[PDB]
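K.L.:
If you want the building blocks of each chain, they are given just below.
Number of protein chains: 8
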Amino acid sequence: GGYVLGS
Amino acid sequence: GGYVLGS
Amino acid sequence: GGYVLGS
Amino acid sequence: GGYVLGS
Amino acid sequence: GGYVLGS
Amino acid sequence: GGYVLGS
Amino acid sequence: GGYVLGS
Amino acid sequence: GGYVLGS
Numbered sequence: 126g127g128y129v130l131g132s
Numbered sequence: 126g127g128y129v130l131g132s
Numbered sequence: 126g127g128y129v130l131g132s
Numbered sequence: 126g127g128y129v130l131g132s
Numbered sequence: 126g127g128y129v130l131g132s
Numbered sequence: 126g127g128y129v130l131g132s
Numbered sequence: 126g127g128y129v130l131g132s
Numbered sequence: 126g127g128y129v130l131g132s
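Chains as they are written, first to last, in the authors' numbering: chain B, 126 to 132; chain P, 126 to 132; chain V, 126 to 132; chain Y, 126 to 132; chain A, 126 to 132; chain E, 126 to 132; chain Z, 126 to 132; chain G, 126 to 132.
Calculated directly from the structure, the hints in this document are not laboratory data.
No residue lacks a Cβ here, since even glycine has one placed at the ideal position from N, Cα and C.
Do not take every clue at face value.
To be verified - Here are the simulated distance ranges between beta carbons:
#1 Z:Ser132 - V:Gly127: 28 to 38 Å
#2 G:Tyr128 - V:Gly127: 33 to 43 Å
#3 G:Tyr128 - B:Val129: 17 to 27 Å
#4 V:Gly126 - B:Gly127: 15 to 25 Å
Chain B with its partners taken away, still in its complex shape:
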């Protein structure tokens, strides 16, 4: 799977 996070 995959994930992307931003801040």
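Let chain B serve as the given structure and place chains P, V, Y, A, E, Z and G on it in line with the hints.
P.N.:
Just chains P, V, Y, A, E, Z and G now, with coordinates in the frame of chain B:
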């Protein structure tokens, strides 16, 4: 921000 | 089990 | 486990 | 801030 | 600034 | 994976 | 300030 947890 | 995504 | 990204 | 992409 | 943590 | 941070 | 890119 962001977080992801798995179990 | 499971997954959680938050901010 | 998991990941967190913040500022 | 920033960004992260993973699996 | 920014930080990223993993576990 | 990859991450990028800025400050 | 600055920037960092990693894996």
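K.L.:
Which of the listed hints are broken here?
P.N.:
Going through the list in order, the structure violates no hint and respects every one.
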